[PDB]
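Take a look at this one chain, the form deposited without ligand EIP, written out in structure tokens.
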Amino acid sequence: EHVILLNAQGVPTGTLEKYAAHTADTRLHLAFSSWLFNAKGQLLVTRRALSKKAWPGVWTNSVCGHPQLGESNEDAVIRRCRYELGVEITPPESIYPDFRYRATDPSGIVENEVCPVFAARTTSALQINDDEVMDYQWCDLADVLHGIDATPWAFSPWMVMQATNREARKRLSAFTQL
């Protein structure tokens, strides 16, 4: 499993194995992010396992990851939801297409990515993968956004920045509406 390096203008330049890519000087690469809602409209918030290299044990949006060579962002989203959650989803739909970010976790790890954000719906029961996720909560988006506005540090930096963007928020809030 790798990561696709990117230059200033967002043009692929190479490939770096994932574990070796994330350090105290991580280079810009391709990534994605997704917020999943169940049939009933409940938002799925997950907690990253204690063993993850970056932001271990942190609460964040449903699923996020790295697209591989020759893989579309939407197929990447689908692959990680089956891998990390063992769950099926509806065609992932844009929420925040131009999302870019750089943050530094508790032990100096840095994430530097161009992260298009997507939202989707769950079409099957969760089959949590213990190596990736240690816990999860099905809740009201309203609350989650309230928590993010009050205590941001309690969640992943990207979950915060994503829901702090006006358009993304309105889009997430309407997402469950028929």
Contents of the next structure:
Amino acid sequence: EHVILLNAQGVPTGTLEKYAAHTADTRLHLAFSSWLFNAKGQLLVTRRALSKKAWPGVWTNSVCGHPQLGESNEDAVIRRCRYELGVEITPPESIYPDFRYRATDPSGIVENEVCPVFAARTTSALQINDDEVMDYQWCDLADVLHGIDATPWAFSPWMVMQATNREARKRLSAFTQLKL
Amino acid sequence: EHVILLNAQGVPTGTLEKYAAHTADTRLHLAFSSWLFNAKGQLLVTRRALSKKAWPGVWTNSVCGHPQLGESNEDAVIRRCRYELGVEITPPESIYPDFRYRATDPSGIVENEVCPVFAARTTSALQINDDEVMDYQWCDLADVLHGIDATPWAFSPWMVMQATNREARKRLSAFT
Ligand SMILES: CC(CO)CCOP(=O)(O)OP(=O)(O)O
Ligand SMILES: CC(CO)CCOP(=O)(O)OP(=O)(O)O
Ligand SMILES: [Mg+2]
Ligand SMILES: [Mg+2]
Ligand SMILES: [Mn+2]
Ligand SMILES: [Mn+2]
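The structure above corresponds to the form deposited without ligand EIP; please provide the structure of the form solved in complex with ligand EIP.
Full complex below, order starting with the chain above.
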């Protein structure tokens, strides 16, 4: 697997082996983040596996990943949901296309990404991959938004940044409607 | 180090080496929980190191541990406070003496404990043992309770149980 490197403007310049890429001095590269809701309108919260190189053991939003060469941001979402969670989804909606973030993890691994955010509905049961996800929970968004406000340090920094974006947050809110 | 095996009543009946004691089938044993506050009244919340056998990388209250045979609960707390956080404290005070719980962690490791709960104030600076703590946060009890109330799954199950016990939350709300 690789990542797509980008420059100052978000323009691709090439690719880089995923592992090799994410270090204490990660260069800019393409990524996605997705927030997934069940028919009931509940938000799927997940917990990164202890084996993840960056932010292991950390609670976060439904699924994050890296688009590969040839792939569309949305295909990546569909792929990753399947690989990490075994789940089928409705077409991802773009809810924060300009999100970009740089951050260091507890052991000093750096993420540095152009990371558009999406939301979608799950259309199948979960088949959790425990090489990627160690725990999960179906919640009401409002509870999750209340948790992030009370103790933001208990969750991934990107989960918090995206959730407090007013425009992304309202899109999240629209997905809490029950859909049959 | 060891844990103290307890029968139906909390009577010690023997010991086990500590690592060997926590499994998918952990037997009932003795433990403590402890909530540490600083002079300003902030609660210290910690994150267990990824190497802990049970609940690695999980957010929980300040210090937790296993008294040895013939060791006072109060001494165990003081001992583990020195050991995991290099911190000196005021005499630990009881906040939930009859708490007991069994639970299972995401990898299937179980804690099964008689675990009386205490509180104290630190009298010196932290000096972290990264064998035990991987992260930590000084914060206001009320926000922590808000988070516990909103997203309990983001915290250790015994922390959640303790802070949702009416009497315990009362006494925790007094150290500030
Ligand atoms: C960590 C972010 C922040 O969006 C994106 C990367 O998600 P990862 O899950 O870490 O990526 P990958 O699934 O490729 O391991
Ligand atoms: C006692 C609980 C629940 O409070 C968990 C056990 O405490 P640990 O911290 O895991 O024990 P120790 O520090 O001795 O490894
Ligand atoms: Mg991922
Ligand atoms: Mg401990
Ligand atoms: Mn990345
Ligand atoms: Mn134990």
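The term rigid core refers to the maximal set of C-alpha atoms that superpose within 1.5 Å between the two forms. Residue numbers count along the first chain shown, from 1. Residues that one form lacks are left out of the comparison.
- Here is what shifts between these two forms when you lay the two on the core: just one run of at least 3 residues, every Cα off by 2 Å or more, at 175-178.
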